[PDB]
Amino acid sequence: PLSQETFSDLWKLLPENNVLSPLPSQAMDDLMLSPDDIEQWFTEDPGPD
Amino acid sequence: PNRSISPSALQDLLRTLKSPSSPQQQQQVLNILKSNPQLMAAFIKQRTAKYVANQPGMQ
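Quick mapping for you: the protein sequence lines, in order, are chains B and A. The entry's author numbering puts the first sequence at residues 13 to 61. The entry's author numbering puts the second sequence at residues 2059 to 2117.
Just to be clear, a hint being listed does not mean it is correct.
Claimed, not checked - Okay, the calculated bits of chain A under chain B, using three or more residues with CB under 8 angstroms as the criterion:
| # | segment |
| --- | --- |
| 1 | 2066-2075 |
| 2 | 2082-2091 |
| 3 | 2099-2105 |
Derived from the structure by calculation, the hints contain no laboratory data. For each residue, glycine too, the CB sits at the ideal point set by N, CA and C.
Work out the full structure: start from the sequences and follow the hints.
The following block contains the structure:
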């Protein structure tokens, strides 16, 4: 019903095995996400409208 | 990486995403993500390195 191009496979590509940033998940002290980025990872779905 | 996750949270994110614009939608996304630290911590760590808090000269 979906593909390896959708959000469910994009989770696997994240840096869950590395350390990039100089600080942990507590970084949200002055930043919070928007729905425009949430509607990006599901758009790859090979279905109609 | 300290514990497991469930695919049900991904479906709950999709049902939440389709709702109209409201502060309750933001709270539900945070509620859903906090249940599965594994993927949300990797996501924020990847995002903070590319985060953009403003917009260009438009009208």
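Cross-check of the supplied hints:
Only when three residues or more bring their CB closer than 8 angstroms to a CB of chain B does the claim for the segment 2066-2075 of chain A stand; here the count is 4, and the claim holds. Here's how the segment 2082-2091 of chain A fares: 3 of its residues keep a CB closer than 8 angstroms to some CB of chain B, so the rule of at least three is met and the hint holds. Coverage of the segment 2099-2105 of chain A by chain B holds. Counting CB-CB distances below 8 angstroms, 7 residues qualify, and the rule asks for three or more.
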